[PDB]
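**Q** Single-letter residue listing:
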Amino acid sequence: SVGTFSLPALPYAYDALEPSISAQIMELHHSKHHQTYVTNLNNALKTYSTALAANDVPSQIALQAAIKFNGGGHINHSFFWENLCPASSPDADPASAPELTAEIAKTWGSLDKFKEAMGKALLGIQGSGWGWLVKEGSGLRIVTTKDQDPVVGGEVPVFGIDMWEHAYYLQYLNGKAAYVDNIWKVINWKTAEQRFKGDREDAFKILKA
Amino acid sequence: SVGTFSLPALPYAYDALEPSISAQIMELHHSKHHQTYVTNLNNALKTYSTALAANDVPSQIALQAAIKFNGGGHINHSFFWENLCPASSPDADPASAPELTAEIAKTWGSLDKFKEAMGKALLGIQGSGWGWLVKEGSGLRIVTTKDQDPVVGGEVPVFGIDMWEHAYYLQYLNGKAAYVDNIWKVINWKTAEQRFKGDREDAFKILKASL
Amino acid sequence: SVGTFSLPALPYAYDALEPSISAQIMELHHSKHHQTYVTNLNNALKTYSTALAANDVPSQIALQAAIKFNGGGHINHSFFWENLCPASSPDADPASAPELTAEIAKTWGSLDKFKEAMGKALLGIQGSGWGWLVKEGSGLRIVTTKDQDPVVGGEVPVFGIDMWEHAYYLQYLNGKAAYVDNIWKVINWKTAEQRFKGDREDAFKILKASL
Amino acid sequence: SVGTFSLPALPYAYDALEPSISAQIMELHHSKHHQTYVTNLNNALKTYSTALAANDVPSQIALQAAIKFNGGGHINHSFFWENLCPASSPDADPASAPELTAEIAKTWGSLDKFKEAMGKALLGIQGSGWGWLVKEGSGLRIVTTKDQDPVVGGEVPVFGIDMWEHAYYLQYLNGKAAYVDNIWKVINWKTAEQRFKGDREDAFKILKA
Ligand SMILES: [Mn+2]
Ligand SMILES: [Mn+2]
Ligand SMILES: [Mn+2]
Ligand SMILES: [Mn+2]
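Residue numbers (the entry's author numbering), protein chains in the order written: chain D, 2 to 210; chain A, 2 to 212; chain A', 2 to 212; chain D', 2 to 210. A prime marks a further copy of an entry chain.
Any given hint could be a false lead.
Only pairs whose alpha carbons sit at most 27 Å apart, straight line, appear in this in silico DSS-like list of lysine-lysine [claimed, not checked]:
id	chain 1	residue 1	chain 2	residue 2
1	D	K121	D'	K47
2	A'	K209	D'	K47
3	A	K121	A'	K147
4	D'	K121	A	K147
5	A'	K33	D	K147
6	A'	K47	D'	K209
7	D'	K177	A	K33
8	D	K186	D	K198
9	D'	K198	D	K114
10	A'	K147	D	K177
11	A'	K177	D	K147
12	A	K47	D'	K177
13	A	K33	D'	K107
14	D'	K147	D	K147
15	D	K121	A'	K107
16	D	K147	D'	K177
17	D'	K107	A	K177
18	D	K47	A'	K121
19	D	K107	D'	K107
20	A'	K209	D	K177
If you're looking for bench data, these hints aren't it; they were derived computationally from the structure.
Next up, chain D with everything else stripped away, as it sits in the complex:
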């Protein structure tokens, strides 16, 4: 059936990411923002089914913005919750991703240099957007996307970090740098390791729900 998406539950409690991410932000980010992206996606898919059947290409093009923005929001946030875990969990330990860290160290020199290069790209985003570590054929790359544009060009997304203001403003105010340093404590490196070992279809299996 067309447009039958639903909001998946979190793999953890709303306060499980504290003190890195407050329980209020996790509640608003998931139950409000992410829910809205899922809802408007279903409506857009149902409206597109009408235009596609009638061969109304002007209406299909006019609907592309709503599908890209809302579909990407559901895609990016579905990835986001999976690659986040409480700091106490062993998944937050970079040692749980031995093959990923080896390629990371070969590319940027070390894990600390990659976190510096990753952090630099996140703080350099002008406006709303995301920062991603992706997998291209042979090596790795740091890429940024604006608003809710997803990584659907062929690359294998390893993990992403939301730099939208709704993700940190209630706790860090304008201090986005403090939000980046603290989010490294809640990065699920086990999820990042698995996605790095699978192909594109494997990473996009989180979309089942």
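Since the structure of chain D is already known, use the hints to place chains A, A' and D' with the ligands on it.
**A** Chains A, A' and D' with the ligands only, in chain D's frame:
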């Protein structure tokens, strides 16, 4: 069924727009460039029907560029043939559009002042694109689009001018100014007048000929 | 000398716009966000003076993003403080703009119909951006810009509304609709009336206070 | 002095690239299109000097489009002529670039696979633009730019291919695929080898003229 578009024939012979536009360019623009947009549009639409049925959102988004580029190219060129006619034809006479030219004169002062602003936007396009005169809830307006992006935002397209290099290069070389000055001779004001009094759905009836 | 901008003070106290906009947001928006745009603008302008003197075209192009983002942020926010006033002030009364409201009513039918179209564009902005009412050679128009892109294309900006999340999130959370409905109470119609009768150079005199 | 650029002469004759590129196209591409980019660049730089002195930021932003478009056109075309040579020259032999081809073969598998991946990106450009082989920190990448956007983000440009319609239409008509296959005969691999061995400042030394 989905993606069943075909190339519509021109309203005239390939040499009817000479000396403004050569017969070689008109044939290549129509039989080659426009045909490719029609063909690849059908392919993109058929692949999307699979993705929409399977609820494959990653595949649907990745196809948007192919649909917008090919669908817009088919739309813009389908408009293009309709709003062009030979200079000798009475449809190329601006007197065939009394309500449009009056509204133009109320907006820019006169038709020649409108031709000055329109030509400036066409020559100011950086790269591939189009120039259009549309009708909004405010009046008339000159808008430009990049590559093959169509005017599907709600405005009613009155007439457009293709500024792609494949539309003039074989005859005017890099002299796009000479291509703009001469294309004023073959502007179908009858089509522009008809579109100016109708709505979006009326103007977009030319797309049905492509089935 | 080049890059000598400073943050201009607000025309009121930080709590003068309550209850529409909280005092905490106004202080952060002004003393933190706007200050960063002013500071980083100066840095970008000083680096460009070196590149322009040395005729370093690669370095000049690479700096355009920093100049547009920081310069536009300083421009938009400088406009923002001027066209906002407390709801109790007589400047927030639409009767202080008889020529603007008459032109608005001729365009959208009434002021309330204009408020409906303006609010729709603000809530329809995907990501960070602004909404503006400008004055062209046609009349008035509602335009939106992304991130901190300013309205420097020729139009005369009448008034704008900041739709960045840092402008309302600490008080209205994700409820941007409530932020738009309440901001209508603090719109300085006196500033909008003054800008509506002047030209681009008159409206852009507020930037001189930043020296 | 501000805006004192001039059109550099070609390293070869107008018919030296035949039969790959006709003498008419080389004459129009260089003496007309490229000359226009240089001329409008100088004017834009002189107008910007006025705005920069008066601290007219709105005028500086409004001039960014003319500087990016015209400055990039002079930059891209200055690179283009240098990495082009007659087919008979030994510089058109890929064996004149042993270190570049070794990295090419390590990335895409072989030279023929890179030419296929490069050719695919060139024909996939929607509208006017360029295709480039660039050098990023450790490895190589195929990137495309629209219109006259230059590669000024930090990467080291190795060589580029113009996919603008003014570069091939007078000879290959709409057959851009035939234009891509034939341009491989006139690729100056010696120029590509040197740029790959130097840094960013070395590649942008061609701008001296
Ligand atoms: Mn988010
Ligand atoms: Mn065309
Ligand atoms: Mn703001
Ligand atoms: Mn070129």
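**Q** If a hint holds in the structure, say so; if it does not, say that too.
**A** Here's how the hints hold up against the structure:
1. D/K121 with D'/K47: violated, 34 Å
2. A'/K209 with D'/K47: holds, 23 Å
3. A/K121 with A'/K147: holds, 26 Å
4. D'/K121 with A/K147: holds, 22 Å
5. A'/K33 with D/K147: Given that 27 Å is the threshold and the Cα spacing comes to 23 Å, the pair holds.
6. A'/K47 with D'/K209: holds, 24 Å
7. D'/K177 with A/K33: Measuring from Cα to Cα gives roughly 12 Å; hence the hint holds.
8. D/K186 with D/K198: holds, 23 Å
9. D'/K198 with D/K114: It holds: about 25 Å lies between the C-alpha atoms, which stays within 27 Å.
10. A'/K147 with D/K177: holds, 20 Å
11. A'/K177 with D/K147: holds, 20 Å
12. A/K47 with D'/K177: The given pair, whose Cα atoms are some 25 Å apart, holds under the 27 Å limit.
13. A/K33 with D'/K107: Violated, at roughly 39 Å.
14. D'/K147 with D/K147: It holds: about 18 Å lies between the C-alpha atoms, which stays within 27 Å.
15. D/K121 with A'/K107: Distance of about 50 Å is beyond 27 Å: violated.
16. D/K147 with D'/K177: violated, 32 Å
17. D'/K107 with A/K177: Since the Cα atoms of D'/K107 and A/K177 sit roughly 45 Å apart, the hinted pair is violated (cutoff 27 Å).
18. D/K47 with A'/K121: Between D/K47 and A'/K121 the Cα gap is close to 22 Å, so the pair holds against 27 Å.
19. D/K107 with D'/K107: Status holds; Cα separation ~16 Å.
20. A'/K209 with D/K177: violated, 31 Å
Going down the numbered hints, you'll see the structure goes against 1, 13, 15, 16, 17 and 20, while the others check out.
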